[PDB]
Structure formats: structure tokens, C-alpha cells
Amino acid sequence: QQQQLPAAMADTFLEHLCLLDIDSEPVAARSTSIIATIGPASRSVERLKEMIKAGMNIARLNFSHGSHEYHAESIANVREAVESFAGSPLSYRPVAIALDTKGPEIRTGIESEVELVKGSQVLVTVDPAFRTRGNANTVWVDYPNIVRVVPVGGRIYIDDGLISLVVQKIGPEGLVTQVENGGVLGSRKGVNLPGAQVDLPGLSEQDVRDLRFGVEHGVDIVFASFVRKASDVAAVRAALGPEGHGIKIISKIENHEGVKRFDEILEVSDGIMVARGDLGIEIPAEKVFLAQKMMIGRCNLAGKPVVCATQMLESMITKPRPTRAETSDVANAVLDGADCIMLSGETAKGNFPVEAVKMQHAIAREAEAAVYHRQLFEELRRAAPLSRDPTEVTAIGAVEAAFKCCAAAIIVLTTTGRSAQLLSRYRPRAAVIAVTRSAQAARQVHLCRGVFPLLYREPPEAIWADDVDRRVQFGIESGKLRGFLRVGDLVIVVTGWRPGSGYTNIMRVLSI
């Protein structure tokens, strides 16, 4: 059998594991959406085309680097690459665009390299004149209060926490420190101050500018950096302004406080990013996996998208093949229950961006087939409280029906994505094919595992009921074309009693 079905029929998790079969070919669209960071390696229209073809679903713009003009070019190229496939509506793949916020970063000064000798004296300055006078015994940083916040005996991580510094006297013109971990240091590198309370705002003048930019260029999603408390996302919301309620806000969890106040942060956000990079510097590297698995679990419970991020395939920045740990990282993110998996170096600057995307694609398909739905579904139902919202009620119904007949797909009409979401919330195995007129909602829905958006272009029919049927039919055809559904398959169709959003309430079983 295929799809790891013998494994799906197991009575225990152990028996399940014991039955995973390397010769059981996956046989389903991959449900985990891939987010790819745009950079020099992935910015040319022709490259983007390849990346789309290979599996990219979300383009991530990292506003930690590049000017407004630079990101506008990125948006313009993505949109071009994406619309090059509009020749065939039945095959067209929407691509989301996520603005990633700079946030309260700290960076060293200005392709040369100094060497911080272990045990040696290094001075950290925020004096404007030393802004480029950086050397083996002097590092300049762009956070003037550094001197006010890192006390004697405090730690200062530099460059992915690879360099490490102990403050051994805080004198007038800077921090007198001793290198604890040396390393070959380069230009403008990221700095971390664990244990220190960085009074740096979650939203600086630039972030606000950057957000307004996102509104004007119609970005779909904000990955909000360094989110430490509910008011942080409120601030993002305010900045996003009224022209931008539609925009999904994904809070990146990058530090201890963020981890601790996670519950409050989730309730107020549209989803979460396990921001492992910073997280892995702010808390001990041994402990990330706990935060990751805790947050993914909690999101699964709340029904919100969760993203797993950073170094999932690092070696690929430089090599055509991933390390054995990277492969298992991707699979375990999926098995953890992550809605999306990300790429950074691997697609922004590396020598194999398309190969990197093909790999997340390949692994996610295997891992998705290896999900023990039986336990998963049971636990979700069991944990999720009762509900009175007809849309939820239909969803779980639909998912249940899908399971009973091994439906190829659940086809949903949706206006804002919400009813597609409520379906994927319960993790059907059948694919959730979402038919929508809202180009934006079609993009934002990539954030939810197992949704395949289809953008519908025809003008409304006179008779609403007809309009509904043409759309469902549209789903089926697109379905047939991309090999999601074959003649003789059963499909579950979810619709509503009247137009407008918020009235989903019907579930139907149809045969193809």
C-alpha cells in the first residue's frame, strides 16, 4: 500500500512507528507550505519561476537588509514570476508575500575580517566616530544603550552566538570586556544580550515605516520580529493601519520572555513563528527543541498557523545535499505539527536555492504521510472545546466524513479563508481545496497546513446557486488537472446557505 496506510491503521504509536515503510510512496500534494527568503540568489524572475515550480508558497522579504526600493523590486519580480502562469487558471499557483520586520536588532559596525582573540580585551563602543574604526580589540555596535544595559559579568553574543564576550568593567566611553569565545569576525553582525532587559522598542521608527510600506505594496503577511507581549502585536496592528486589517500577523518568538508569555501572544496573533535562530542564542541551544515542540503543540490546539524556521537545511547554502540532521529536522517539524517550514540562507544567498526548495518539498511529503492521524484527530477533537459556530461544526463534520471514505479532497468555497482554516485545524488527510475570488485570501491561506487555494476569475452568474456550482465544479476540474482527484474518488464539498462570509454550514458527499 501507499501513503503509509498500514502505519495509519496501527493501534498504538509504537506499532505505528514500527510500520513506517520506505517503499510506501507518498501520494498526495504536500500539505506543509514552504516559505522562501528572497535574496541575491532568488530575486531574478527566471529563478523565481523555478522556485515556484519546485514548491515555494510564500516569499519572505527580510527587512533586516535592503532598502525600500530593493524590496519593491522583489515584490515586482515575485508578482511577475507568479503571473507568468496565469495562462491556465486550472493550474495557477498563488504565492503569498510576507514582510519580515527588522525589529530591535543589534549589529556590529563595518569583505574583511578581524579576529577576536580568546582571553583578549575587547571594547564595545557606541561612539559615532568609531562607527567604522572596528578592529581586533574594538567592536562598534548600533545600540547606544548597550552600555546602559549589560552589567559587569554580563554576556554579549556576536554573530549567531558564535562569538561571546564578558563585560569586566563598564567605563565612560564603553564596555571593557574579555573574549570568552573567539572567532573570525566580519561586518555588521547580529548581537544578542540574554539576561539583559533590552528597553529597545518592539517597533522603531523604521519598522513603522517598513510596515506602512507593506500596506502600500499589498503584502499579505507580517512576520513580526522580537514579539515579547500582547501589546507588541497591538503596536504592529496600529502601524499596519486601517488600510491593512486583512493582513495576517505572525508573531515571531525569538526569546525567553516571548516564550514565557506565549499564551498571551498567541491569543492576539493570527499565528506563530518559532524563531529558532535568535531563540537558540537567547536560551540555551539544548532547550529550543522544547520551545519548538511546546509552541507547535499549543498552536495546533488553538487552531492557528505555526511556522518552523532557521537552519533547517544550512549545509545546502553551500552543498547540493543536506546533512542527515537537516533531513530529519524537516520531517520532525512536520511530525511536530508545523503548518509551514522556512528557508533563509538556503534560498537568499546560497548556491542551491531551487534544490533547497525541492528538498523541503520531498521531505514534507514523506513526513505528512507518516502522521498518525488516528491519534492526532482523536486528541484534537478531545481537546478542542464544544462549539456553537456553524462553520466549525461543519468543518469537523466534513473532516470526519472525509476520513470515513478516504476522500481525496475536501472542496470549500471561502471568502476570507476562515472556513478553509477551520477545516485544516482538524488536520484532514484529504486535501482542502479552497476556491475563492479574493486573490489575497488565496495567498494567505498557504499559512494553513493542507490548504490548496484556487483563485477563481469568472464574473458572478445571475442565479447565486449556479455561481456556487460553477465554483465547486471549478475546484473539481483544477483538482483533476493537478492529479489531486481521479474519476471514482469521493469528495467532500463544503458550502453555505447565503452569500457573504461567515455563513458556511453545508457538507455534501459527491463522487467524481
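Residue numbers count along the first chain shown, from 1. Note that the rigid core is defined as the largest set of C-alphas that superpose within 1.5 Å between two forms. First, how it differs from the form deposited in another entry.
Looking at CA displacements between these two forms with the core superposed, a shift of 2 Å or more is confined, among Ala362, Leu123, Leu335, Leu376, to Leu123.
Core-superposed comparison between these two forms: the C-alpha position of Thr414 differs by less than 2 Å. Annotation for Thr132: C-alpha shift of 2 angstroms or more between these two forms, rigid core superposed. Once the rigid core is overlaid between these two forms, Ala238 does not reach a Cα shift of 2 Å, moving by less than that.
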Second form
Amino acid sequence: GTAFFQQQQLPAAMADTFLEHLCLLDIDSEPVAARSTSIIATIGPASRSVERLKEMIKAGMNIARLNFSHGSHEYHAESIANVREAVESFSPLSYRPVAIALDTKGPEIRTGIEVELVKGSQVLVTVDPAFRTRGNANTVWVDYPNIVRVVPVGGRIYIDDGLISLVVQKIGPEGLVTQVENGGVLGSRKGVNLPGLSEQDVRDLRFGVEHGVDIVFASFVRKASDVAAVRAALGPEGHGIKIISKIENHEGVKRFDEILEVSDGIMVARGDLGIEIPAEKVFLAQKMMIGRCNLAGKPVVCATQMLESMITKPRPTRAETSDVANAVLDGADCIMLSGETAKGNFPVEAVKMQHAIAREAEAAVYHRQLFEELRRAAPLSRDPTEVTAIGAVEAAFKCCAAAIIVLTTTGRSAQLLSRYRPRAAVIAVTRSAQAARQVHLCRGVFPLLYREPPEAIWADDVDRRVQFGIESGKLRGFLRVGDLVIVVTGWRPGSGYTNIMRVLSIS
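Return the form deposited in another entry of this protein as a structure block, the form deposited in one PDB entry having already been given.
Since only the chain itself is given, any partners or molecules it might have are not part of what comes next.
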């Protein structure tokens, strides 16, 4: 009725230009739709307990990230065990699948085993076994022997989240002769940057296969062959696992297209990326990479220091809420929390804060422009799933459908709806517990795991799943009596046959 069009930034939605849309953004216009941008929370000592995990799932965590940079196999087995128990130990219309993503250690370089490194200073960078625990104000040892044969004269070396810098002078036989460009206090075992896949990563990828992880975040992907190395390490048993390539450096930005082509998705890994390229350029790489993923219809994750101050403070800064909103307006499928959930004092509040901001920012999306641009740049398709998806999203915009309900075996039919960014929630009904977890990578897909064995008559089994979609949607607040819904199905069983879109009112 009349109150409906005041909500979800609908006045700004029907503006005729982007600028007019911005002018019409309204802080009194409340979000209505379910929050659609998935939240990845990193597990660590602040978030390992089963009862804390349950608080985090209630708060809106959709994907748990296991950081293999730190912790033994046994430690990660216990984190996985806890997430499973939290998820299971909540009615099938209420159940929320949580994905498990393993994030590889990758090609880490660490310094040896506090000292002021002074800006005038003459630092030696040695790679000697012998100086491994001899770190002081003038010697940093590293765990990476080829560093001496790889950064020449001039040539800069970063230490500790890029906070300390060194420029090489001579290469004498004791190590690299540097001077401090940027000085500071240095602790032990800090990360080194120098603006394929290791034996540890392979053992970890195999461990993630043994434990059934849903997604791998692959570190430092530079080229297509890096993704193939991961796929090969996962092996035959790991064919179902999604590979999200982490773009962390210059080469991975430049070879982006070839990387996206062979990946399931992308992470903008802003931590390393902001040291490997100038900090002030990261937002260009982020925007470009999100836009190219949106175009390709493949999930993209924005990561790193999004709500960083909430490690120690219960409220985020103005820059942090902005960064989260802007990641969503950029077009990110997923937003991520690292220290904020792994080790901080406010892990649950950090999740609720990304949820609240993401909901606001999704309602602010200018669909009029975004849909037209997605459409007028996607190529023609003779694939019935794609053709149905675009017809289904169009139909939902025409009637302000509360949802599109899609049956899916692998997630693909839901993924192709998601790529057009409907305002309608995509309620994906599947039998596959793994597909249900994995579809959390796609903005606006709300997975529902259907547990019944098949009706004798296939068409009846289809109807029964669509009803389950409807009943879950109601229970969850997605749908009310009188809503229109778009229902997307196929003409026969099995993956790949989606070809039907139907307009239904909810009774």
C-alpha cells in the first residue's frame, strides 16, 4: 500500500540518473529485504566455542574461515568439529547451512626471533641458519634463503604488515646491505613482502579434503597454473570443492582475467595487496575486480580490516562502516572479518555490525542502472538456465516479488539468478548439503536443505520442494500471504535442465 514505497530506498530506486538516486537516499527509509551479502567470519580463540559459534550464526555468520597461517591440523579439526556441532545443535524450515572455507598459508616469509629500527639505520638482511635467533636493531634474519638472489640494488623490502621498509644497497656475502626507509618497532616472526604452491599447502589442502571443507581460499594466485596446482592438490575426492583465488599482488591483478576464467571466484585480499602495490591504489584494484566478477557472474569476496578497530572497541570507526557499505555498493558477494572475530573482544558485535550495514547498503543499490548495464553487457545465451534466470529476474522487478524460489542440485540455477542482482531474495531449495553451504558465496542466495526422499511421481516431488520453499520463507519472514513469488524449475530431473519460470501468489 502507501507505506511500502517509502521503504527499502524505493524512492531513490526509481530515480532517472545515478546522481538523482544518490540525492534521494533516505536514512528514514528502512530495510525490508533479508540481508543478502554473505558474512565470512574467521575462527580463532574469540570464536571457537560451540556456544559462541551459535551466537555468531544467530548474528549472521554464513561462512566460517579457517586461517591455515596459524594453528596445527588438530587445532583446525577442532574448529571444524565445533562449527559442525554449533550448526547441528539448533525444525528443518529454520536450519541455516554454514560453509567451511580453508584459507591457505601460502608463500609466507617471516623474520627471525622488540627493537627500534631507526630511519637513518644500516640494516643487514641475512638468510644464515646461524643468525636465525640473532635478530637485533641492525640484523633481521628471514626464513627464505632465495631472498638474497631476488631483490637487487634499490628494491624495497617490507616488514610487518608493510609498516617497516628497507632499500637494498650492496649484496655482499653476509646478506642484503640495506638502509631503513621507514623505521619502527620490530617484534619477532613478522611478515615480509617484496613488491608455485608449497609442501605445507598441499598437506593442508589434503587435510581439508579429509575433513570435507566446502571452499578453499587459495593464497597468492598469480596465474592460471597456480589454480591448476590447487585443483591437482585437492585431487579426485576434492572435485566438488570451490576454489576462490586470492589476488594479493601485482601479477595477480595484471593476470586477473586468466585467473577468473579458471576459478570459482575471487578474493580481494587487501592485506597483502596493500603492501605489494601502493596502499592508495588498492581501491582501484578492488572496484575493478568486483566489477569484472559481477560481469562474469562469479562470487567475489572483499576482505581485511573492514571493521578493524572492533578488535578492541565495541563500535567501529566512520571509515570502517563506510568501507563495508562501499564494498557492498561496489558489488561484493561476501564481506569478511578476520582479527575482529578471530581474536578481538567483540566478535559477535562485529558480525551484527557487518549485517546491519550490509542490509542498508543492499537497499541502496541502484538496480535500474546495474540491471540494465549487466544485461546490455552479458553476451547472448542459448543456455536455457541463463535465459530463464534473466526472464525470472525481469519478472521479479516488474511485480516487486518477495522472492524467486529456485530448485537447484548444484547451486548453478541460483548462481545465475544471483548474477543479475534481483532485489527479490533467491530462495534456493536443494537436497545437496554441500551445495547449500557453498551457495552462500553468491549474493542474495538463501539456501534451504530439503531432507525428504523423492515422491514416487517426480512432478509431485517438485511441488513439494516449492511448497517447502514457501513454508520456510514464511517462517523466516521472507514471505507473507498476498506476496508474489517467481518459481524457477526444470522440465526433467537432474542438473542442467532449468527452463521454467512461474508467477505465483502466496496463499
